[PDB]
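Given next are the chains, with one letter for each unit.
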Amino acid sequence: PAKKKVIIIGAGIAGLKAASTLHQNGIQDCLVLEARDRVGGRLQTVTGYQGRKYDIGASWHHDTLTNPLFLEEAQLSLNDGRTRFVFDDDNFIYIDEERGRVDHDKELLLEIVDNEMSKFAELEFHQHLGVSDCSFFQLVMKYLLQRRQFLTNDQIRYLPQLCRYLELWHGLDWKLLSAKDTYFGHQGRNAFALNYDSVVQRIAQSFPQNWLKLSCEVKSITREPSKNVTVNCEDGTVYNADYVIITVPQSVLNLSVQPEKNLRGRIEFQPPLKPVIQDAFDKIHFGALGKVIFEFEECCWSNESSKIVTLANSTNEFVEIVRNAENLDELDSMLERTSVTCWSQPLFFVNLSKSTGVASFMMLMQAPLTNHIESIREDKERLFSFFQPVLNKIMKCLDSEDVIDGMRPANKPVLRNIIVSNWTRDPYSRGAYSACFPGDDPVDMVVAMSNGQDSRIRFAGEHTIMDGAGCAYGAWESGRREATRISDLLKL
Amino acid sequence: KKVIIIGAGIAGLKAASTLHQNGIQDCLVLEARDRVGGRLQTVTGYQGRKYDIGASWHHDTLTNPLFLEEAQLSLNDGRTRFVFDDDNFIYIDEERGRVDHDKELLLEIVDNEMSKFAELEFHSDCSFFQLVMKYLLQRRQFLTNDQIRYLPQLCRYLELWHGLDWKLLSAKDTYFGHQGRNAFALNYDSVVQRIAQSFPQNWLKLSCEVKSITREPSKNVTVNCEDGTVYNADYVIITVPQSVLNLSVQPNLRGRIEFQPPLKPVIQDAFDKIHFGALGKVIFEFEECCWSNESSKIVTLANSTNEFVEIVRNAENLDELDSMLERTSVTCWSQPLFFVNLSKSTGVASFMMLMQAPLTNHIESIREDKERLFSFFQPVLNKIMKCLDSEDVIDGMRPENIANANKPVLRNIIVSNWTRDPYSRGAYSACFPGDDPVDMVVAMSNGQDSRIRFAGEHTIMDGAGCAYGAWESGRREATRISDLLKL
Ligand SMILES: Cc1cc2nc3c(=O)[nH]c(=O)nc-3n(C[C@H](O)[C@H](O)[C@H](O)COP(=O)(O)OP(=O)(O)OC[C@H]3O[C@@H](n4cnc5c(N)ncnc54)[C@H](O)[C@@H]3O)c2cc1C
Ligand SMILES: Cc1cc2nc3c(=O)[nH]c(=O)nc-3n(C[C@H](O)[C@H](O)[C@H](O)COP(=O)(O)OP(=O)(O)OC[C@H]3O[C@@H](n4cnc5c(N)ncnc54)[C@H](O)[C@@H]3O)c2cc1C
Ligand SMILES: C[C@@H](CCNCCCCN)NC(=O)c1ccccc1
Ligand SMILES: C[C@@H](CCNCCCCN)NC(=O)c1ccccc1
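Note that the protein sequences, when read in sequence, are chains A and B.
Just so you know, the first sequence maps onto residues 6 to 342, 349 to 420, 427 to 509 in PDB author numbering.
Just so you know, the second sequence maps onto residues 9 to 131, 137 to 264, 267 to 342, 349 to 420, 422 to 509 in PDB author numbering.
Don't take each hint at face value.
[Unchecked claim] Pair ranges (Cβ atoms, derived):
1. A:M339 to B:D34: 52 to 62 Å
2. B:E102 to A:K288: 55 to 65 Å
3. A:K58 to B:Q151: 23 to 33 Å
4. A:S350 to B:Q206: 56 to 66 Å
5. B:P73 to A:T157: 18 to 28 Å
6. B:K407 to A:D416: 43 to 53 Å
7. A:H191 to B:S307: 26 to 36 Å
8. A:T157 to B:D85: 13 to 23 Å
9. B:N403 to A:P420: 52 to 62 Å
10. B:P444 to A:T157: 42 to 52 Å
11. A:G190 to B:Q151: 11 to 21 Å
12. A:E127 to B:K407: 36 to 46 Å
13. B:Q210 to A:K288: 49 to 59 Å
For the record, the hints were derived by calculation from the structure and aren't laboratory data.
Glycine included, each C-beta is placed from N, C-alpha and C at the ideal position.
Modelling step: build the complete structure from the supplied sequences, incorporating the hints.
Below, the structure is given as structure tokens:
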């Protein structure tokens with residue numbers, strides 16, 4: 006029954022940073038137990054056509070003005086002049102299947118009214134009250150209704166579709182998304198990590214190799230009345246430590262409050278997680294941001310921008326319904342009055364050619380599409396067939412021609434490979450990250466997690482902290498937080 | 009008299025409209041000028057075109073109540089009273105040309121970041142210029158050379174929101190959120206007229222320059238225009254601009272009101288923590304439109320230098336940045358200028374150009390020298406026309423050409439005069455580094471005493487410096503007085 010000072014479950018960035026902090030503080034005899042055959046967790050870099058590398062999990066350093074993880078990276082690059090990231094924010098190109106490009110349009114002025122909708126939402130909630138949540142969709146309808154006298158038909162038709170790019174930030178359809186949580190305050194530009202794995206490896210490299218135990222799935226954690234904690238890997242292995250920092254995803258941890266021990270990733274807690282933790286799961290959920298990588302032979306399209314969003318189909322009928330609806334109740338009725352296509356929801360494409368010089372498109376998708384697409388990620392023919400219409404429309408707007416299917420080995430773009438994410442089906446992630454359905458209050462979880470199960474059983478991860486909640490750097494900071502409190506306690 | 013309203017600006021006119029709406033009678037509005045409207049004035053130019061030489065937009069249309077009242081009237085009678093003219097800004101540099109929506113400069117994106125940096129830094138108080146310098150030094154590792162060069166010139170469009178150069182402007186008050194889009198009033202004089210005739214015309218007394226306001230502990234206020242006539246009223250609502258009112262706390268100038276007793280301390284102290292901006296306007300009227308109507312918003316950037324970059328790249332800390340930086350002649354390229362292309366939004370062949378201090382006072386001074394004015398702005402006008410797929414400007418101001427129908431022909435220039443009008447002495451409330459506009463607001467909101475009140479764009483928090491702000495302040499003081507008397 007090997008004795009350890011600290012047992013960290015999960016080798017994601019939280020777990021990795023927690024072990025880093027522990028070592029950095031002189032603490033010895035710690036362990037990092039990871040279920041998968043790799044470290045990184047939701048930070049994973051995959052290889053595709055010709056050795057091209059892509060981050061299939063997180064790709065950006067957000068809030069570069071305050072992001073501690075980013076500043077740390079930025080310093081290294083200032084000292085050795087090595088390119089670790091690239092600021093790739095750009096003027097968004099918006100594409101409708103019909104009206105073509107609708108961005109920066111002298112008549113539509115979509116970005117302008119979008120800015121107003123944003124201020125409208127802020128005014129709607131920033132106004133401290135028992136305001137009451139609703140879906141993001143309902144919030145946009147309420148905006149259209151209140152400002153219809155000041156909007157053209159075209160604005161009422163396309164604005165709603167254009168503002169849905171926010172779905173790609175939460176990984177949720179606007180009808181499943183909480184209005185109160187939709188608008189986040191970006192604190193500066195984003196920086197595209199040129200290998201998030203290099204961030205993972207650098208932190209992993211900061212502590213004892215022998216501390217890492219890969220392919221070990223923790224099944225249960227027990228608190229001994231005799232002040233200490235017992236942990237069981239699935240392969241018989243048993244440990245007992247003074248402290249444990251649990252970093253498994255909110256979705257995996259959620260399995261704990263359910264009866265059935267035979268679930269890949271689920272941990273049996275003894276005593277079971279306190280009611281404040283269990284109940285918090287009813288107040289926060291999990292989104293499904295997913296990715297699809299489209300690799301072409303050569304860059305043969307306009308690199309006017311690295312940011313392109315394809316709007317879902319809209320209809321003149323909708324405008325009419327908005328002009329004639331006498332109120333929000335009636336609007337929903339009139340709206341209620349087939350089958351999902353690549354045009355049934357907005358899709359977000361990153362033109363990597365401009366940003367990194369690679370002839371590939373990194374596309375983001377949201378729930379429910381992500382689940383369906385990830386489910387057929389092996390049927391490459393079906394994937395191409397599904398994304399062909401939009402891939403073409405984009406090439407059309409970027410001065411190129413229809414895409415050619417070259418997946419089974427001049428001016429025409431030829432698709433070589435297609436890589437799809439698998440976060441919703443992977444038992445050790447079960448989705449992308451924490452997100453809010455309407456009525457959800459993310460603070461309940463953050464409080465319950467950061468206050469721990471008890472003095473010895475702690476938590477870290479993107480879902481356990483306010484600043485950078487959902488983000489890689491937030492997960493990172495939570496790792497540091499828990500390790501610091503513990504190294505201080507061990508210091509005594 | 010029941011209540012005496014000093015000033016026929018929108019604050020004063022609303023106060024009268026309200027007092028009357030509340031059955032109050034026997035009231036007077038004493039205006040020093042020979043017209044009502046104050047800093048709201050629509051002038052007439054070439055071919056009868058009309059322009060607001062004073063305020064021209066309804067800001068914060070999401071919450072602006074004056075705007076909402078105007079929108080209802082239009083929903084009911086269908087008359088156009090305004091148009092939403094926000095547009096994608098076109099940014100023009102003398103050497104480089106258009107630098108907006110640039111796939112490599114992406115200036116709007118760093119401008120936005122700069123904006124967030126400003127919010128973070130103030131969550137002390139320098140000049141907007143200094144704030145911009147800190148940001149440049151602190152983020153240079155993530156900025157390209159051209160961004161370091163052009164962004165600071167682009168971000169200065171904010172000088173036209175305040176009517177103050179970036180070295181005179183308080184960084185703390187530079188950025189201010191907008192409650193939604195702006196709407197161009199198609200006749201602010203319509204707003205003025207509607208409110209003006211919503212009370213007994215015989216209440217209005219034009220060309221009355223109130224010279225002194227006296228309060229006797231014997232529950233009464235005595236006001237007398239400088240032409241000798243004296244008035245005694247229960248309540249007094251003073252709406253003269255902050256600039257004019259600031260003459261009281263000093264020793267005969269035109270417009271100055273002699274208060275007896277003097278203005279309490281809290282008020283006199285407030286003039287120390289709040290100042291006045293000088294937003295100005297120049298109207299360029301062309302024969303007809305012969306340029307591209309891509310956008311209605313065009314800003315010309317002051318010139319920039321690569322030596323400024325090297326200084327940013329080389330500066331050790333913030334203190335040495337200054338040194339290297341503190342190392349003449351004024352031209353149209355010495356500051357950013359904001360041009361509203363009226364053709365796209367109103368169908369009129371004219372540009373409404375906005376300017377700031379220190380430049381405003383200088384151009385208004387030579388407002389009658391058409392030749393001088395055309396010569397000063399010619400370069401930026403040609404640069405604009407070029408960028409808008411047109412030709413250099415032809416001076417057709419002297420009525422007589424025949425060789426046109428191809429190039430833009432300037433037919434007239436109209437300049438504002440707010441900095442030289444003794445009754446406005448500037449444009450509106452504005453902050454210098456170190457100011458705190460809240461003191462003047464509270465000082466004004468509470469008043470000198472129960473019978474010597476204040477109204478005006480400078481006496482309110484929401485809509486501060488705006489036409490609706492002034493409007494609301496007029497209703498405020500009005501109501502409080504309506505209640506007290508209807509008692
Ligand atoms: C598609 C996608 C795109 C995203 N894009 C960005 C972005 O651009 N920028 C950004 O900042 N964030 C982004 N995020 C979020 C970011 O990836 C996460 O916030 C971060 O990776 C979370 O790290 P973590 O340590 O909190 O959790 P994890 O990375 O999930 O680490 C938890 C670890 O626990 C392990 N584990 C689970 N169960 C067990 C068990 N029973 N026993 C042992 N080990 C177990 C898991 O294998 C995993 O390795 C994105 C996420 C996704 C999925
Ligand atoms: C060039 C310019 C552009 C602007 N653009 C906008 C804009 O787009 N949108 C917006 O909302 N706001 C704008 N503003 C500001 C707006 O015009 C003011 O906020 C508003 O007009 C203030 O109204 P007021 O009643 O408070 O002051 P005023 O209009 O100055 O009324 C005060 C009155 O008192 C009179 N008076 C002065 N002294 C005496 C005296 N001793 N005796 C009797 N009468 C006296 C003055 O003649 C004047 O009529 C702009 C201002 C300027 C100058
Ligand atoms: C959709 C999101 C995916 C990666 N970041 C997820 C953050 C989730 C925080 N809750 N990224 C973006 O929206 C984006 C948009 C423009 C440039 C760079 C990134
Ligand atoms: C007319 C002036 C705004 C005046 N409104 C009152 C502002 C008070 C700030 N204290 N400027 C603008 O509307 C403007 C708008 C966009 C760019 C530059 C200027």
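Cross-check of the supplied hints:
no. : hint                         : in the structure
1   : A:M339 to B:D34: 52 to 62 Å  : holds, 55 Å
2   : B:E102 to A:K288: 55 to 65 Å : holds, 57 Å
3   : A:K58 to B:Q151: 23 to 33 Å  : holds, 31 Å
4   : A:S350 to B:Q206: 56 to 66 Å : holds, 59 Å
5   : B:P73 to A:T157: 18 to 28 Å  : holds, 24 Å
6   : B:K407 to A:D416: 43 to 53 Å : holds, 47 Å
7   : A:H191 to B:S307: 26 to 36 Å : holds, 34 Å
8   : A:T157 to B:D85: 13 to 23 Å  : holds, 21 Å
9   : B:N403 to A:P420: 52 to 62 Å : holds, 58 Å
10  : B:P444 to A:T157: 42 to 52 Å : holds, 45 Å
11  : A:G190 to B:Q151: 11 to 21 Å : holds, 19 Å
12  : A:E127 to B:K407: 36 to 46 Å : holds, 40 Å
13  : B:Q210 to A:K288: 49 to 59 Å : holds, 58 Å
Checked against the numbered hints given earlier, the structure satisfies every one of them.
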